[PDB]
Amino acid sequence: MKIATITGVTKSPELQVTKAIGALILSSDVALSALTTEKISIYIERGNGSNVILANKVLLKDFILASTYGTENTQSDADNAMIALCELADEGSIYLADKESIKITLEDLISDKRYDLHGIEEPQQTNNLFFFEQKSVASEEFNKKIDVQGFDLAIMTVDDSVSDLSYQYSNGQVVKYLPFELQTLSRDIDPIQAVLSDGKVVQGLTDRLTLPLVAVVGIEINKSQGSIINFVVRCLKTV
Amino acid sequence: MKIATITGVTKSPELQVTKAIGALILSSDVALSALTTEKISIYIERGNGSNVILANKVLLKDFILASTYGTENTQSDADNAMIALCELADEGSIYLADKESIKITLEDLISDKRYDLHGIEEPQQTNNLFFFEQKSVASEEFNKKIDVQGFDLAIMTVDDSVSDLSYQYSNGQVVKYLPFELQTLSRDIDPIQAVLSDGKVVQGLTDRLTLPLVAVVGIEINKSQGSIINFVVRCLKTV
Amino acid sequence: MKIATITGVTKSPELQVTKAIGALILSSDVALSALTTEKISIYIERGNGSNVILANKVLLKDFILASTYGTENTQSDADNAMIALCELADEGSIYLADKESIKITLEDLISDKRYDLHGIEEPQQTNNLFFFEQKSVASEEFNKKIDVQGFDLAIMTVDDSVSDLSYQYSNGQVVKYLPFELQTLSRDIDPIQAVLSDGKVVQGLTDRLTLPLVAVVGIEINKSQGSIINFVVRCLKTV
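Residue numbers (PDB author numbering), protein chains in the order written: chain H, 1 to 239; chain I, 1 to 239; chain G, 1 to 239.
A few of these clues could be false.
The list cannot tell twin chains apart, which means a pair is met if one copy fits it or any two copies do.
Cross-link-like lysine to any residue pairs, in silico, SDA-like; alpha carbons within 20 Å at most [as the list claims (entries may be wrong)]:
1. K237 x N51
2. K19 x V239
3. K200 x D79
4. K176 x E133
5. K176 x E121
Just so you know, these hints were derived from the structure itself, not from any lab.
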């Protein structure tokens with residue numbers, strides 16, 4: 001089913017979905033590499049209780065990259081320059097209880113552009129849902145250490161200030177990587193990240209990197225001063 | 001083994017294969033998008049009794065698309081502008097008993113083109129075979145119900161007349177889809193449908209769609225008048 | 001880590017590595033299809049008796065094609081025209097004793113080109129290693145029988161002399177293939193071999209063919225007199 005179409009306005013109205021959906025289809029006439037500052041926000045709402053936030057003002061590029069990693073990729077068409085499918089549950093649709101609903105909104109859009117939302121539902125229902133979190137490394141700090149235990153994917157900001165980045169595995173060993181080594185290891189799993197409308201393919205973006213965290217419990221980033229570095233991590237948990 | 005090459009004539013001779021093959025290789029100098037009305041027919045002939053008909057004048061585009069859905073995709077070459085591999089048995093080659101042979105024929109060709117057939121045989125022999133059937137919706141009917149129980153793949157003619165298409169699953173639920181959602185869910189599994197000779201990739205034909213039917217027992221199509229819609233389905237069964 | 005960068009000279013000095021690496025990253029400003037005569041050689045000196053030779057002056061095209069067969073492919077970037085990740089161990093890192101080391105060398109380079117080596121280490125340590133071997137068929141031999149039991153992948157040099165090629169499986173069955181049939185079967189499993197910098201893809205080189213050997217015990221090669229045919233095979237074994 002179709003949810004909304006946005007054109008002219010820089011902010012979307014708070015969109016309510018009452019039917020239990022399982023995936024979101026984002027369509028736009030701006031290519032995946034052209035996205036700059038559009039943000040999305042999704043949460044489940046209880047009528048008498050507390051809301052369950054899944055994504056809170058997440059960059060659209062990071063949201064798209066955290067869901068289309070693997071065999072899939074963002075595709076296109078003659079009319080739509082970017083079509084991306086993002087799964088919101090594990091293997092079924094969100095099981096809505098007596099009074100829950102879903103609320104989606106889009107922020108910081110471009111006036112002269114078009115955005116389309118669609119919802120996908122399937123006969124199965126499930127309780128496991130995907131949650132998005134964000135982590136930051138300051139612009140004035142040299143060495144930082146973050147915990148990524150329990151997360152299964154990360155999108156990091158590619159910046160020329162990064163020099164070293166070391167994983168820590170569940171068995172205690174620490175391995176140090178460079179940006180080039182990380183990019184090659186990332187493209188070893190998913191070679192193609194998008195297919196353009198005319199026919200060419202793009203292997204990955206020039207400023208975002210995807211890291212699959214498997215049996216990894218810690219990350220240490222070693223850089224120089226100058227800029228902030230952002231990680232977007234994703235997890236699966238029961239609501 | 002090479003079966004035949006066809007040029008000049010609009011109709012092919014009835015081609016007999018006595019060696020047990022397991023797959024066909026179809027090659028031609030016209031691109032996958034340029035195939036217009038070529039038809040293929042395959043059947044196993046028994047000495048005493050009734051023949052086994054696998055494909056009965058099936059369109060060449062649908063025959064190619066029904067077999068190259070998944071990891072594989074139709075390839076290209078400096079000499080051949082279209083190469084496809086179509087499997088006829090599940091994991092081996094057809095078991096020919098004392099008085100059987102396979103016969104293949106091609107109909108409705110073009111005079112100034114070329115079509116080549118090749119056979120592939122395997123060390124294993126099997127009894128399960130692939131059958132291709134055809135269902136159709138006339139150009140005057142509005143709403144149609146089609147039984148697709150037991151099938152594992154379908155190919156639909158993409159037309160602007162089609163508005164809505166609904167599945168019925170094994171557990172009784174009914175889900176409704178738009179052509180755009182169907183196309184997106186289709187490309188989510190197999191993103192690339194063919195690779196051209198110059199290097200560009202094509203994710204899907206502009207007039208055909210491939211649908212993987214998993215636990216689907218019925219389809220309801222809702223359209224407007226103007227054209228005929230065709231479904232080509234494929235099943236696996238023991239002979 | 002950065003092992004070496006070679007440019008301006010036609011040979012590289014013997015490079016020593018004392019850390020336990022698991023993979024190599026070969027990057028260069030020449031395309032995969034433009035590699036002509038570069039050769040690589042890797043060997044580990046054990047402190048205990050008997051050294052290990054994993055590659056004995058193997059061609060770089062064959063080395064790159066033998067390790068990037070499957071889900072991955074050789075990629076590119078804005079700076080480097082070819083990047084390939086080649087594994088030397090099964091799933092861990094080559095285990096070295098107190099003072100053992102790995103010596104790598106490159107031969108028959110081009111003066112006006114650039115080549116970069118990188119090493120990848122990973123937390124697990126393993127003893128299973130990948131060995132590359134060279135086999136040949138002379139120019140005065142109508143047919144030759146090659147035993148490939150225990151091998152899992154081969155790369156053959158394409159020339160017009162070959163007429164057919166026969167596989168012998170564990171069952172005892174023999175199947176005869178043609179060069180075109182072999183190419184189609186190979187591209188069925190692996191559709192894309194490399195991605196170019198501009199965006200176009202290449203499904204395979206025009207002079208090298210890659211064959212996956214599964215449950216294959218023997219090979220027959222038939223030809224007409226006049227040419228020498230080269231194979232490069234890979235095996236996995238415990239040392």
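### Query
When no copy is named, should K237 and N51 be tagged within, between, both, or neither for a Cα gap of at most 20 Å?
Answer is within: at 15 Å inside a copy they meet the 20 Å cutoff, but 51 Å across does not.
### Task
Evaluate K200 and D79 at a C-alpha cut-off of 20 Å and name the case that applies: within, between, both or neither.
both (16 Å within a copy, 19 Å between copies)
### Homomeric proximity label, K19 with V239: Cα distance no greater than 20 Å
Within one copy only: 18 Å inside, 45 Å across.
### Message
Reference check for the pair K176 and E121, CA-CA at most 20 Å: within, between, both, or neither?
### Response
Between copies only: 9 Å across chains, 42 Å inside a chain, cut-off 20 Å.
### Up to 20 Å CA-CA - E133 versus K176, copy category
neither (24 Å within a copy, 32 Å between copies)
Checked against the numbered hints given earlier, the structure breaks only hint 4 and satisfies all the rest.
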